[PDB]
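**Q** Okay, here's what each chain looks like letter by letter:
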Amino acid sequence: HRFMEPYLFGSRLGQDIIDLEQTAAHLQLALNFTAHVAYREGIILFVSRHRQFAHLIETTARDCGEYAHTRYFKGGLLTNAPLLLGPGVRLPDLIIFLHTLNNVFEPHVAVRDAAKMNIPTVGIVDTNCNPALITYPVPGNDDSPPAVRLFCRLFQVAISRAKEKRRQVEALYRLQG
Amino acid sequence: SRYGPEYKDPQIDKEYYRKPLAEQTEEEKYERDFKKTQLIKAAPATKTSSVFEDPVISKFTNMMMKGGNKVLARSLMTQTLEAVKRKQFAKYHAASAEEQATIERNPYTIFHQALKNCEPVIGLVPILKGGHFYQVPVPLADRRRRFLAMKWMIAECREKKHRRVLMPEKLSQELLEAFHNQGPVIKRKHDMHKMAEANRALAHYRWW
Amino acid sequence: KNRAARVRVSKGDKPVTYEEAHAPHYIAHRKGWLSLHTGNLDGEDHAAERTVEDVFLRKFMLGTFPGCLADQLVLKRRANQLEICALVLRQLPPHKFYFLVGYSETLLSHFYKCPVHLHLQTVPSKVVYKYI
Amino acid sequence: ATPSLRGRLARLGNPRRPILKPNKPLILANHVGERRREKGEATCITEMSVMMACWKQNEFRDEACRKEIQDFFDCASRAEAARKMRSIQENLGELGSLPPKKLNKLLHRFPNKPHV
Amino acid sequence: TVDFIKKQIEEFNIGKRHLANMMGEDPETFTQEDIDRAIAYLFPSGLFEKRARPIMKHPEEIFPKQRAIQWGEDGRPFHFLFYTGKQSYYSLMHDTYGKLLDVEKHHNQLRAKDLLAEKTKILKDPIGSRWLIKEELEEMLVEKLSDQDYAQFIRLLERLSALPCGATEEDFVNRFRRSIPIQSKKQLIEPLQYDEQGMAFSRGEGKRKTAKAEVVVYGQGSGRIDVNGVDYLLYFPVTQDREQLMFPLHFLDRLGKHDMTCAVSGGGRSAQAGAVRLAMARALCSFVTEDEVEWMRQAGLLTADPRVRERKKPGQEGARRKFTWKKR
RNA sequence: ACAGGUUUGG
RNA sequence: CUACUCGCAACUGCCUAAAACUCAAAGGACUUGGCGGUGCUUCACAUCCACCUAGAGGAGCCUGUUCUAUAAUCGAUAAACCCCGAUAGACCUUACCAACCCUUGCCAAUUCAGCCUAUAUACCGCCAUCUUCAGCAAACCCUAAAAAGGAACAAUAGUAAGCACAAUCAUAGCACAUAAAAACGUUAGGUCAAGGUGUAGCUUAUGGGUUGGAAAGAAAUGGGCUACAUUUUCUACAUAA
Ligand SMILES: [Mg+2]
Ligand SMILES: [Mg+2]
Ligand SMILES: [Mg+2]
Ligand SMILES: [Mg+2]
Ligand SMILES: [Mg+2]
Ligand SMILES: [Mg+2]
Ligand SMILES: [Mg+2]
Ligand SMILES: [Mg+2]
Ligand SMILES: [Mg+2]
Ligand SMILES: [Mg+2]
Ligand SMILES: [Mg+2]
Ligand SMILES: [Mg+2]
Ligand SMILES: [Mg+2]
Ligand SMILES: [Mg+2]
Ligand SMILES: [Mg+2]
Ligand SMILES: [Mg+2]
Ligand SMILES: [Mg+2]
Ligand SMILES: [Mg+2]
Ligand SMILES: [Mg+2]
Ligand SMILES: [Mg+2]
Ligand SMILES: [Mg+2]
Ligand SMILES: [Mg+2]
Ligand SMILES: [Mg+2]
Ligand SMILES: [Mg+2]
Ligand SMILES: [Mg+2]
Ligand SMILES: [Mg+2]
Ligand SMILES: [Mg+2]
Ligand SMILES: [Mg+2]
Ligand SMILES: [Mg+2]
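Residue numbers (UniProt numbering), protein chains in the order written: chain A, 98 to 274; chain B, 35 to 242; chain C, 36 to 167; chain D, 2 to 117; chain E, 70 to 397.
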């Protein structure tokens, strides 16, 4: 994708290589923004349409206590929410993308619906994804089982530590007075 | 149409059940046919467990019956079998001891052998190609061949007889002619085979 | 297409009653008869003598209570006395309702040589069953 | 191989005369054309020839030669069985050819990207 | 409409009290069993649809229900797949796939350790267990279900079944199985009675095409039939009608072992024979064992013949024969 | 020109 | 791509090239229907063929039409008309005609009744057809703007009340089948003659009564009955004569 030239390090005989320095910097920023939302009691939705790790993503969301979405993304989910979900619902405060491109190799619908409903997005963008709309993009690989496991575990610990520190701060507040 | 898709065909053979232990492969399906709680249609009024009746005789009587008068066709078949048996007994008693060991008297056997002799082998199918119909020689199924063999004999005995000659009397001679392969049914079968051999060059038109 | 006693589908704003909302093939299935008597039985007679009096009353009550009658009449026939049940809107004053019921119970009884009962039920508006 | 396409169409950057005049834009569609009633050939022709040879030689009688009558019926039965079993085997498998009803679903999974 | 529901509950309670009072039964022992009958008696509405009749049940049964609360006071949804549209169906799919992966890894470990202690529980022929239907799944999961999703779920279930199941995995697979509604289509056998010093007594009933026949059979006398006081040979001159009577006896080899008396009303020359055949077959079950009764009901002796004459249609001749439709 | 009306199933 | 000019080996020509007058439009692309005597694919479980049964076209009779013939109804008159209105014509029916009678002439009354007078191309009430085809659709959401469209199940922006379908109901027990139902619309389809009707026409008449006739077949045709036989006909008879 044309918007990956500043996020690529080079090309080794056709295959492009991502610059891990900027990868790690963007990952630090993304993990910080993810931990703060979980600390401030923010609804985190892992939206990722990819029929290879749909089970792993749902298990990670279950272990984190945050919500997941790896099935067919419905049209008026985030826009026509007061008709699809219920009378009055609470939209996800943060959207996390583990696979930006769906099975049709096109940008997902949630990556545009978040920007259309003013919702922050933290997404793993491959060399063929469009990070023009993602708030905190991270140039990496979403096709490798070890890569997706690493990202799932990083978000797992970032949510766990945030929730545990929130509980500790509330415990300290209870003794404050 | 009153029988739904869950209704299967009945099984009238008594010997099929009178030996359930003598085999295991047949037991494997019979132990589940009822355990699946499968509904079975009612036994037909024309078919029973009698050892003297035959499905071939039933089919021939059904093809001979006009309208719905069943007893008329039944009596016609009875008279036909009786005439065949009596003519064969006359030929047996008018023959010598050498021909007694060759002339048969079983009406069922004579009838079945006549049907097997009149049974065709290959038929003709009209196929539309280039705006014209070509008679392609086509192998026919067993049911098709038997149906044609029965229908030819029935039609001949219906139309090619005299008003004074009765249907049982005419069929008693037609069966004896078909047993020896000298009758008009065998003639029609051979004409069909000749017309199929003359068109075998068009066999490349069939697609099945 | 069948049209007998069948109101067609509008854009979706017309109010229809429980009676008109059912096609004629629902009689004795979901909706009952508006008239009850003995003339429509098997070994009974006087089928037309009651039918003409039924139609005459259908027209008479419609002309007597104009605009305030909501649904059709209920005409019961029981032991020489006939009952007329009506669902009327409360548009007219009670004095004008009593004047008309007293006029009807004395006119129809003498016109048909049989006792008549007239029962009125006041509804605030037409009860809508389907979409409105 | 695929014929060359550079310098064929009429574009602003092409200095010569356009060679190819496409009726419709040369864009690979996401669905193939449906096969116009894929047909098949007959069977047991060689078995029928040797069967009718008996009729032509022995003056049209089946009691003379019999194996040419039984092998014909065996070929007919085998063709009748293969017409029913393969009609499901070849539609379940995909070793050889395949109907367009599956080619369309295969192409829609990985369609062409005209935009972006 | 919570206030409306509460008001309807109060109205139903007071109306039930007054109904018990006006009926004269004890209000404490007055329940729906009496409510239904009292309503049906007090409002004799004779209709072809029971749902159109007057009915007074609890408001929780009258007014329908809907989905429960998904998110608490804080707004956070309870389930972890609430943003998927089907928080129940997709959760079920996820749990099924997880159990499938667990069973796969367990079987792989067993194959690596060279242990095959499982069996194939997919062949459900003698049990007659079928999978769920769309209605049977939508009655469990409150929300709607699509046909493609139902087919995917059924195919995942059959995938899981095609592999060696575990201890609780068998119950997990079978909890979405529905067997025959009664699984006991075997008929009941009438006990052998003894009326007025008569042993081996049995009675049967048959019907085919508006012909009702009752048979009284004694398994102690010789083999003969008494049809309406006259002999069966004189009552049924046609061979077919006598074969209809011989058919149930020849299958059981009870030709000269039962004396029967039959009385038939309605039908013609073949309907009466069929009715007597059905009655005899249903009556002879008391003299034979269970396996022969099963063989008879598989042969069609104990099954009625629903083929009756169809009503004639307007504009036709014999409910199928149409008139000569001229094209021009 | 601070512009508006006027083509067409639109 | 016209006349008037200039130039041209061109002489029915070529290049240049107006004006009078007429109109407020003339034009390109697009979205949706309708249409196509341009195409491709799909199946019909009485349906097209491969195939089965019984029928019409051969004879007579009944009955309904198109025609000639009269003073002597009419409508329908391709699928969806032709034993159709009519499940019913010596008078009445009967709205047709010829001879004769009456004109506030059914009602309490009405410078009022009454018309089977025309308009089914003004209607309602009632239906035929696709049609056991399923689609219609208020309220939201989306489109690099939106006339409008909204679908890929290994799923790409679709949710949805209710009306259709379905279920249910009836053929006195299930299932099946049948019955029943089949929205929105096309055929300016049929019905002013079941009935009322807007418009346009009658009032000593296109209104109201009495009597008599409403033929007939040169000819064609639709649908049924009898048969043209031996599985037939007659006799008593449930079917062995
Ligand atoms: Mg990738
Ligand atoms: Mg072009
Ligand atoms: Mg194209
Ligand atoms: Mg224009
Ligand atoms: Mg020119
Ligand atoms: Mg010029
Ligand atoms: Mg046909
Ligand atoms: Mg006939
Ligand atoms: Mg004729
Ligand atoms: Mg005629
Ligand atoms: Mg006429
Ligand atoms: Mg006309
Ligand atoms: Mg007309
Ligand atoms: Mg007719
Ligand atoms: Mg007359
Ligand atoms: Mg007269
Ligand atoms: Mg007149
Ligand atoms: Mg019309
Ligand atoms: Mg639908
Ligand atoms: Mg739209
Ligand atoms: Mg809706
Ligand atoms: Mg229905
Ligand atoms: Mg029922
Ligand atoms: Mg059904
Ligand atoms: Mg119908
Ligand atoms: Mg018209
Ligand atoms: Mg027409
Ligand atoms: Mg008229
Ligand atoms: Mg009128």
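It is possible that part of the hints are untrue.
What the hints assert, rightly or not - DSS-like, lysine-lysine: derived pairs with alpha carbons at most 30 Å apart:
#, chain 1, residue 1, chain 2, residue 2
1, B, 125, B, 42
2, A, 213, E, 381
3, E, 203, B, 100
4, A, 171, D, 102
5, B, 70, E, 278
6, E, 326, B, 48
7, E, 278, B, 48
8, E, 326, C, 165
Calculated from the structure, these hints are not laboratory results.
**Q** Run every hint past the structure and note whether it holds.
**A** Checked hints:
Taken as a hint, the residue 125(B) and residue 42(B) pair is broken in the structure, with Cα atoms around 47 Å apart against an allowance of 30 Å. For a cut-off of 30 Å, the pair hint linking residue 213(A) to residue 381(E) is broken: about 66 Å separates their Cα positions. Only pairs whose Cα atoms come within 30 Å are accepted, and residue 203(E) paired with residue 100(B) is rejected, the gap being roughly 50 Å. Taking the CA atoms of residue 171(A) and residue 102(D), the gap is about 26 Å. The hint holds against a cut of 30 Å.
For a cut-off of 30 Å, the pair hint linking residue 70(B) to residue 278(E) stands: about 29 Å separates their Cα positions. A hinted pair counts as satisfied when its Cα atoms are at most 30 Å apart, and residue 326(E) with residue 48(B) qualifies at roughly 18 Å. Simply put, residue 278(E) and residue 48(B) have alpha-carbon atoms about 27 Å apart, close enough for the 30 Å limit, and the pair holds. Using a Cα cut-off of 30 Å, the hinted pair residue 326(E) and residue 165(C) is violated, with the two alpha carbons roughly 69 Å apart.
When held up to the earlier numbered hints, the structure conflicts with 1, 2, 3, 8 and fits the remainder.
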